[PDB]
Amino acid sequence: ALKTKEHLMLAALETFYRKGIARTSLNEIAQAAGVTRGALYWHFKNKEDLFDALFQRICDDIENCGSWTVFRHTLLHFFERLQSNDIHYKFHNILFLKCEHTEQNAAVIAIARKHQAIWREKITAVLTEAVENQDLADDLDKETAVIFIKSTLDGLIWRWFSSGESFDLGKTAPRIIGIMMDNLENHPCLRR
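Output only this chain's structure, taking the form solved without the DNA.
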């Protein structure tokens, strides 16, 4: 039963990746899945639900893989998987490059915003554990730190996709991550 839901969302992933989210229709997804519109509707009422499910599959894969070191490993595995996992590659390609913030995509954008809030809470908890464990300074500005972490990671992703993958992500990401973590631990501009 989970295989029928998976076939439809992967057909959605393929159509989104080719046409973008705004121009993708339910009929195209159903056609690409080789199913009827009614069969698609049985599992997913709309593009929002397909995109949201894609978000959950990405987050499930990440979570199914001390605390400050695990975070570092998680960031490194994330960028490796962007190069080796076709679903993670295409999903983030869609999110950053094929998902325009227009009124037409408002409900898809609302789903994306819900997942940004979730990443925010997960990073904030990582920082909290690192502070109590003395991996980070007691006067760390956690709010600025979260913005800093997300901006660093988003910049590398956006830059990699928008450049047409014109630089080696396997060599670049550990260096970007290493500088980021050094800044979080030591740079005074990230303190209250």
The other form holds:
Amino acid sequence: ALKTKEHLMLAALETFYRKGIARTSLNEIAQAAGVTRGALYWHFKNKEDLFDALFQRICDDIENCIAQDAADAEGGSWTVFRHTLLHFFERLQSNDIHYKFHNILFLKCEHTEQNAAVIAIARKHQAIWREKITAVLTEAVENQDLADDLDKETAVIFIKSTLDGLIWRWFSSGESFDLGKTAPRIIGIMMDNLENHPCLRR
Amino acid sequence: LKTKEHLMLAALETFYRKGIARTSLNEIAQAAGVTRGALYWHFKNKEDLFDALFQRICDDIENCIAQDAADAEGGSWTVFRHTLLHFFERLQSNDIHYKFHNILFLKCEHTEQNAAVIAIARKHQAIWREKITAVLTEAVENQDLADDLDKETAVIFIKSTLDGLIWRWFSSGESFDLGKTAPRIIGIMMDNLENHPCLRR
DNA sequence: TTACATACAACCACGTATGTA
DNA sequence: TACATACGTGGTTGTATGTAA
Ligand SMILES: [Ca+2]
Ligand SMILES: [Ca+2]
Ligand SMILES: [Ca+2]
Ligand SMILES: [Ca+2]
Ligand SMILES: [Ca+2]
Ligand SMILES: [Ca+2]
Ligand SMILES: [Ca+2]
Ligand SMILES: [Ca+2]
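Now that the form solved without the DNA has been shown, please provide the structure of the form solved in complex with the DNA.
After this comes the whole thing, all chains and molecules, with the earlier chain placed first.
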């Protein structure tokens, strides 16, 4: 019977991805899941609770692969950081669930205060990235991989901005360019800038 | 036109503070000084109001980008740096341009059924593709950038760099000083186009 | 005729109550 | 329980109508 709930959340993701969330009625999710609105209201209080339960689960799974890809990675924290970033963008192509998650967060939702769950998922995703980037940066200067006078506060903004822009451009372009070729270049330039550009120094 | 200008600016603020989908034309009307009869007179529906409001603003954005470059303070690539710097100063000081980008980033759904949103996004992107491409060709015909620069990747690299700064600044709730951050991130971006070998072919 | 305000009719989505197995 | 169906409601929309420029 729990298959019905997982069907609903995946039907929610698919419908959220093709119509945006606001234009998605609970009836449309139910029809896409081959069920009725009674099924949804049974498992979920409303559309907000369905979006939150769906995007809390996916956001946790994203945090897990970034953690799992790093723990199974040999080398220094700064070497596996490139490793974790490349796999993140590979999942954007190959992992449909993670792909739709990010695409919905960037393009097909309104980040405004009345959409409480959207603002909550966005901050959760950003706090995850802030946590990973911050810890990687401290470890990378404790190993001379980056200079000990690195402007690390500016570095987190620089890193997250660079990656958000690639994700945004890729989505907003309608995937007009090859993420598999572009992301390695943009990440390498980003990491080269953190090693050698003087403006990322204090 | 005084009523029509009130409506579009009231639409701009209401679109900004509540998002577009959650914005009834009733709320726009009472956020303005009028009723829905005023809106349906000047506009066919919410999409026609959003398009007229956002075609006019996006044109004004394209005009300041052009006006500050036509006030050529130096070479084509030297002027390009300042067109970008003036663009991010406008995002702080110009409340209309600020909302426009804020509404066209975190306050709207880029989905096919919202025809005018997709159309304005395409326009705004085509604006930047034209400016960036023309700047890049003039900058290699002046040796400011190398003759083997990956021009196709350069536009993606430039627009991604700028969209990410705008996205991050908005998404963080303006957590950081863009007056200080954008010059740094622009300069690193422009230094990368001069000297990074991966922006070469 | 314009330039609106008000009135009217309709639907769409929602939440809940209820049937049911 | 785990749904499907039925019911009642409001919010938004679009249009019709009124009315003073
Ligand atoms: Ca719909
Ligand atoms: Ca509303
Ligand atoms: Ca007002
Ligand atoms: Ca201002
Ligand atoms: Ca009147
Ligand atoms: Ca209700
Ligand atoms: Ca009855
Ligand atoms: Ca209607």
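Numbering follows the first chain given and starts at 1. Only the largest set of C-alpha atoms that superpose within 1.5 Å between the two forms is called the rigid core.
- Aligning the rigid core between these two forms and inspecting 97, 76, 107, 87, the C-alpha positions shift by 2 Å or more at one residue, which is 107.
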